[PDB]
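A.B. asks: Residues per chain, in single letters:
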Amino acid sequence: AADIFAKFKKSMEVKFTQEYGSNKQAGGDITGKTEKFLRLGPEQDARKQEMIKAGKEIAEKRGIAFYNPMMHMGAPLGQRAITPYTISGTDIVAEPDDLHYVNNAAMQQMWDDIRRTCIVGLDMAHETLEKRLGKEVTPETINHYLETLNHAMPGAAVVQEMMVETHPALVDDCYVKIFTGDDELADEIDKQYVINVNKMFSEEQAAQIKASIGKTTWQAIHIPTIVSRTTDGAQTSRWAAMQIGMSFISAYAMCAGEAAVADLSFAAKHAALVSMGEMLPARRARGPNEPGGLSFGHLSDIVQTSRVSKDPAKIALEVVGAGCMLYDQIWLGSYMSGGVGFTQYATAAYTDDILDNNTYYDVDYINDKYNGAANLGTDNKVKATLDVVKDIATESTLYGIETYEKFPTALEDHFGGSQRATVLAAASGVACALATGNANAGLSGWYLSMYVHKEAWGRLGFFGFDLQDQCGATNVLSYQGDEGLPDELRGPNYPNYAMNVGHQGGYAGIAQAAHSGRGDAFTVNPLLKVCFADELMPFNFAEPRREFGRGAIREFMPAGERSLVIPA
Amino acid sequence: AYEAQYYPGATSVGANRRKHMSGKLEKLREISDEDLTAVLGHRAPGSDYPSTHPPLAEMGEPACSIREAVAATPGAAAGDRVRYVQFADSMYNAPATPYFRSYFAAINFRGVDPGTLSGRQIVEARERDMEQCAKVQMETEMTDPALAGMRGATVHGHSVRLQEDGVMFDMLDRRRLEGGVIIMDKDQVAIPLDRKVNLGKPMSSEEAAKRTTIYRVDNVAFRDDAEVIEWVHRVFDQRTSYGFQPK
Amino acid sequence: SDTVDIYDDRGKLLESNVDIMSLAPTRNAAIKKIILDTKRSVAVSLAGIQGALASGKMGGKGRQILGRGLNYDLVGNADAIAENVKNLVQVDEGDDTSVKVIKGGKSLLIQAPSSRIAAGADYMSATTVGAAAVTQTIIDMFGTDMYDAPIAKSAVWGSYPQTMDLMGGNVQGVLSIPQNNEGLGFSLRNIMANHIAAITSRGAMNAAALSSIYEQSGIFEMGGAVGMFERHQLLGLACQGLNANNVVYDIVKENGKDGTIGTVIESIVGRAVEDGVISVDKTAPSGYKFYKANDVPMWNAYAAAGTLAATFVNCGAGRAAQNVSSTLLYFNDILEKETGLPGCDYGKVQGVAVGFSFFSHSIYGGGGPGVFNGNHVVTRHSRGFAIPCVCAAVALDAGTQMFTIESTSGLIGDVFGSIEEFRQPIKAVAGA
Amino acid sequence: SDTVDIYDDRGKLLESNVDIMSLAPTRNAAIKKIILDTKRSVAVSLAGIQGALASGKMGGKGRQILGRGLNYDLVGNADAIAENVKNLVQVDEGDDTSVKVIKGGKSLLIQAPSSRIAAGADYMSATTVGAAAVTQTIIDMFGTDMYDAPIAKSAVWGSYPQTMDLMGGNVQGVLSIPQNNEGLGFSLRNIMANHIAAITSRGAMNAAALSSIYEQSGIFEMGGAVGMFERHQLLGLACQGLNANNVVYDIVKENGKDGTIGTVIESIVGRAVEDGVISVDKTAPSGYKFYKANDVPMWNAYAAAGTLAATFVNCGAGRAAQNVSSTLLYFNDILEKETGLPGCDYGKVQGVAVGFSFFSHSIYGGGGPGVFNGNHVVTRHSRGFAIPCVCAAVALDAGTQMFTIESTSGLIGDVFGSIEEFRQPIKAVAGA
Ligand code: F43
Ligand SMILES: C[C@@H](OP(=O)(O)O)[C@H](NC(=O)/C=C/CCCCSSCCS(=O)(=O)O)C(=O)O
Ligand SMILES: C[C@@H](OP(=O)(O)O)[C@H](NC(=O)CCCCCCS)C(=O)O
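Chains as they are written, first to last, in the deposited numbering: chain A, 1002 to 1569; chain E, 3002 to 3248; chain D, 2002 to 2433; chain C, 2002 to 2433.
One or more hints might be untrue.
Selected chain C positions facing chain A (in silico; Cβ < 8 Å) [claimed, not checked]:
#1 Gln2180
#2 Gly2224
#3 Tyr2347
#4 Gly2356
#5 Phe2359
#6 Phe2360
Once the Cα atoms are required to be at most 35 Å apart in a straight line, the calculated DSBU-like pairs of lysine-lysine come out as [as the list claims (entries may be wrong)]:
#7 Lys2033(C) <-> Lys2428(D)
#8 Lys1132(A) <-> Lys2033(D)
#9 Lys2033(C) <-> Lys2101(D)
#10 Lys2293(C) <-> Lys3025(E)
#11 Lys1136(A) <-> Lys2062(D)
#12 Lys1025(A) <-> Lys1010(A)
#13 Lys2428(C) <-> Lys2034(D)
#14 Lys2283(C) <-> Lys3248(E)
#15 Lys2428(C) <-> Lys2033(D)
These are calculated hints, taken from the structure and not from any lab test. A virtual CB, placed ideally from N, CA and C, is assigned to each residue, including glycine.
Just chain A, same shape as in the assembly:
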């Protein structure tokens, strides 16, 4: 698309031909193959300058050595010009350092919002009340229950005398809403508590969702960020269940602790629980609701772009962005390693419009060659075959490679082979998924892109990059026990995927692409789709890439700060 190609050019212009800080990078050509290295070091950049000063002062105050760029071997950072990034699809120009998750409250809050969330069915609990206590559940009793719950869930008492409670001003991000596929019930619940499926989604998407979940009722629970940050993801479902239990006891005048209560506990903790993700094996041991457990389908469903857009590519690209950030920057780059981590491994897929350029080109190519297959629709899709994948992925990769070759700025932007690999394979995979409505065809496309890339340049990614690559093509359509899985159900714990940067966010994007091409309401879990269809959440899930930009320019307000109870 001409508008994306132009937008890519503008990103290259901003990054490389307009001065940033003191880098002296005014003027020049985005197609030229040469650069003058001024060896200015870190001070050329305004953030680095601020970091240097803070480091020196803190080292002095605390009496043990700290941040000091002169500790870098040979020479300090920035022997070549330090240049900025534009968040793709936006005009937000960010400092590189401001996109490190540690430095970026929007990124931290995105993870918090997911970690602190679970979904708990209400039907099982209502049946319990009816069966064991002979209670009638009505809209009125539910309304009273939800008022109780919205008091109790943040950490407040409903039963005992002489209780201490969380300070409301510390836990203002905690709340519980409901959604239901029962339209009549929906109309009778106090609107303050309802995620309105018929209002939040298009008519087509609402119908898909309702048909999927039938006439079931669900609680979308978000526990306090402050608690999530003190503890872990495995906390979430436990917290939810405790306060659900207390609220039932109070709202329905049960015995404060009787056998029937245990049934409510089992339902909330197990039988009617939907976690963001499941637990992880010993080597990377973690309980539920950690990044590793979060399937690609799940992430696709949390991200809300699918709900507010009708552009299949845009929807997939938002998921790629959210995915590379969470999976690479926080999960792989922190949880599974740490230190400086993997900012730019991830930014490559959500900045400077390079990925977008390749993807949108691919849409045009597909539409031209496969009779509008990439347009939103179901019966315009092409059946997944080796031929279709070879066609689309090869074309995609060739174009993306030629772009990197014709624009030395783009090559220098994505200076790491891995970055380029993610970009090229993401486009290829999304493209294949868009045409076929088959997420695993997307995966085939992803792997073939890697194969073409390696032969073209006689290099691919980092030392360990293509473990999953080389296992990739063969495991796409394997049906062996620990090999076979639709990409929708794959995630960071799929064995080949469990280690390496530059993949997981792409796979999330591919999963979404199979469904967004179809205009599908969700990728794998409607419960998560509806749960996050909620503007009260701190993080704007409809626009994750922009949100990261808002965090970079210090305009994102996170939950969970403790300034209330800290010295001033």
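Starting from the known structure of chain A, fit chains E, D and C with the ligands onto it as the hints suggest.
C.D. replies: For chains E, D and C with the ligands alone, coordinates are given in the frame of chain A:
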């Protein structure tokens, strides 16, 4: 006897890749033993090879039919440390590409530990065995001293725009054009040497274009190499199909 | 040496003068067969796979993959499926593989050949090979395109290997995955009480019996029955689990009409005194008699028997599973108050019962009795003497529970409840 | 129904016209025996317990409980200990229990009777009963008062059950605890390469063979060898692990003096052409020949064989374990370039090797080759065809490693290396 065919493709990129893999490489320059040792930075030039374990002849070896069948390298026999040589190569038609450097090592040298990355390629081997490998890479068309650099750390440059003098960026400035020749005056981890190592004149842009193992759309376009694309497609179709059912 | 008579669930003599050592999991052919058969057997929901294929609802709670529907009549082709599955599951023609079509083609029983167990570290081969065979058969039978292979596979396997288990899949046995074990040698303890009651068709004594078999097999595997501890565990197993000397059944009978936990205690103490297991050691100033046990493992076994008999009476009277937690607690607590002797497992049955009561009556976790097992954090602590009572309790429930046997264990029940050694564990152990 | 000749590590014929199906872990008595013996066996460091007792250093790294010293001469009394231990471990007098004093009283081999394995869900009974027997023996033989019993116990069991394992304890087998499994059927895959090379006394071909047996037993238990996949896996096992038709050994021999990864590729391709396994499908304009396989599983087996022969040559030349990661990668990568055919395991050996290279040369995890295994996140992905090479590599190292066989595996080597079926696995499988 089976004769290797190495790699598909009829373009210059094909011929170059086959040259790299087979080790059929033109010698373009010379580096003395002592100069090579110097830039590698593992021991003083001319000094004995330090060891990591006693020589095989001294400590003896377990009863093993494989140890008995497979001759130790000189470096293995002597108990040398495993040390390395590492190179970065410009995407702007440096003769070498990482994979092809590794293929060259694996095909032509015994007891080697090649590793391929986008920005660097390394050979780890017993010190004296490694040096023979470094010598070949350094003296042949495989390395252009401007478009490539021996770098054990801080390898950044392969994907960066060239300096106006046609030299690939080195954050640590280990080598540069002086008097029309490339001088390396630091070791591969950028510790300054007490010597200036003369690596001779760089290739012209024209020559590098003809000698490169890399494809580029403004040189030898990958898009146009139907034969190598076919290779990729064949391997892809096989791997996919056989992972479903190996038949 | 210790011998007992073994009586069935209706108080009929099965075998006389049985050495308790011959009841050991490590020695008893019938126990060994139960374990091996437990290891090698899985259930397959062909109806489940069918609907998952058609709807895209595979891989766990709430999951649905749109636009990938596969319409395969598995139920209608169940005989041919079963035959193909057998061919794949079996190791050699005419080995001990069995594949049976259950309830009109909606389910399969798969018994993997024992060679797979012998060649395995554990028991998961029955699951993995059972699922592999089904997947293969479906692909073969219905000509699934390779580009749809992922969908067919996960209809069977669910979210594995993204998840550690076959989450939202259609292949399950009686056991859980190894990694769910809290401790070493715990796999056989990780069987839901609901499962046991299903398998034994709600026969309370049979439920306790089978549960005792698994529990003690677990205790053995945990190294909990070494040296003097062997006699200790086997006396427990005989007297509690296998109705040694008809004592458990007799106590139920005499307490059946009007008995309480309290009268069951009197039954047990009276027998202990009569049989010379305990004697008055000291009379206090008030006239209260302090007892001592003449045979400590034997006294323990009487306490075990009494715990279960009390369960039968208390849960039986109420037709309510929930009574089991208090029964285990109060039987043992009141027994100590009665005698000045330690309760079953030297407090450990009572301890289990305290936490179990809390965790079957609170907000924090657990559930109804049916959810608990020897591997459960709440109910693992006694050496096999608590969980058999829980299985009995679940068996006795007349319909108070939300988490019914049917809701958790229907498939398991339909598939395992057939086999004789499972539904008649006391007869199996005794050799009938 | 392929037949192969089996040859030992010196190129001597062991058995002619072996049907590969007879090599199945599910069929082969010798493999089953290796598996059963592995499950039922553990090592005990008497020296370790003695030290822990005296110093209070038990329960893990850094740990020391002051003021609780017990001075017991375990090593000096190892024979009497072994005898008492045997009495506790055995189920029945004259069963297959065995307890052997190792290295002058410092260590024990304990082989639990197979009855415990039959009666167990897994293999942990060897550890738990082994530890229980040693604990009981110490308490009895040395007269530990009950107030010191916790100290005596933990000298053996370490931090269990606060920890899930016997952390800082003195009992371990060749396997790890079930809960460490990443996947279902993975227990037999969770064996450190260093362990394998220790047990085979650094015999490179025997290391690869023993490893192949465990790996393939793993794949079988994972349900990865069902239907057509059975032939596939057994072809690999035979050609790679068991020197089928002497090809691996022959290739080593012809490449032994001057050969490289490159020349080993030539050896493999040459044979594949000669043996009719592959043919030229098409000649490209350049004269490059695109091959196709006439028998896909057989081609895979040639690639598997080649991968190992390449390991022997490249690691052999360097006497350096580290060469294995690149060998696996470049053997397969260059093989594909040479032929236009898929490398071993259709890219999965190369895949493992990419991540394995990285995780054996980087900051992020892994380590030297010796720390890897088929259950390791890095090296699990290939279906048994990678880890045998790693065990070979470790065997061949002449002393480049920090994490030597001794440092991780000395106890295991001392104890399990004495067992001839483990030390000589090709002979074991071939019935020699
Ligand atoms: C020490 C290693 C070996 C290893 O296991 N990891 C390193 C370590 C480095 C460290 C660097 C921090 C520091 O400088 O102190 C960290 C940040 C991980 C951490 N500890 O937090 C890292 N790499 Ni690496 N590392 C990266 C990359 C790369 C690219 C860079 C090539 C180039 O031409 O510049 C190459 C691999 C390749 O060639 O494909 C690479 C190599 C290597 N990677 C080399 C160092 C290379 C050198 O000597 O310069 N990284 C990248 O490709 C992109 C971004 C990137 C990182 C963080 C971010 O995403 O912002 C990152 C992140
Ligand atoms: C028991 C198990 O829950 P599950 O049965 O749902 O798995 C387990 N939960 C727990 O052990 C929970 C423990 C902490 C909360 C209870 C501590 S006792 S303090 C309450 C006294 S009272 O004021 O309520 O009377 C879990 O893993 O979540
Ligand atoms: C391999 C394994 O490490 P160990 O071998 O167990 O030390 C694993 N780390 C990783 O996979 C690191 C992943 C993130 C860093 C590298 C991304 S390219 C882990 O810590 O569990």
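A.B. asks: Are the Cα positions of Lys2293(C) and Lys3025(E) separated by 35 Å at most?
C.D. replies: This hinted pair holds, its Cα atoms lying about 28 Å apart.
A.B. asks: Given the hinted pair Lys1132(A) and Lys2033(D), is their Cα-Cα distance within 35 Å?
C.D. replies: 41 Å, violated
A.B. asks: Is it true that the CA of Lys1025(A) sits at most 35 Å from the CA of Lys1010(A)?
C.D. replies: Since the Cα atoms of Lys1025(A) and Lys1010(A) sit roughly 20 Å apart, the hinted pair holds (cutoff 35 Å).
A.B. asks: Next item in the hint list is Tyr2347(C). Is there a CB on chain A closer than 8 Å to its CB?
C.D. replies: Because about 4 Å separates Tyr2347(C) from the closest Cβ in chain A, which is inside the 8 Å limit, the hint holds.
A.B. asks: Within a Cα-Cα threshold of 35 Å, do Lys2428(C) and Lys2033(D) meet the stated pairing?
C.D. replies: 32 Å, holds
A.B. asks: Hint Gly2224(C) vs chain A: min CB-CB distance below 8 Å?
C.D. replies: Check passed: Cβ of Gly2224(C) comes within 5 Å of chain A, closer than 8 Å.
A.B. asks: Are the Cα positions of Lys2033(C) and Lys2101(D) separated by 35 Å at most?
C.D. replies: 28 Å, holds
A.B. asks: Please verify whether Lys2283(C) and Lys3248(E) have alpha carbons no more than 35 Å apart.
C.D. replies: 20 Å, holds
A.B. asks: Verify the interface restraint on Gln2180(C): the C-beta must sit less than 8 Å from at least one C-beta of chain A.
C.D. replies: Result: holds, 6 Å to nearest chain A Cβ.
A.B. asks: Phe2360(C) was flagged as interface toward chain A. Is the shortest Cβ-Cβ separation under 8 Å?
C.D. replies: 6 Å, holds
A.B. asks: Run the distance test for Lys2428(C) versus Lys2034(D): straight-line Cα separation, threshold 35 Å.
C.D. replies: Judged against 35 Å, a Cα distance of about 33 Å means the pair holds.
A.B. asks: Does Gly2356(C) pass the interface hint, meaning its C-beta sits closer than 8 Å to a C-beta of chain A?
C.D. replies: 3 Å, holds
The earlier numbered hint that this structure contradicts is number 8, and it is the only one.
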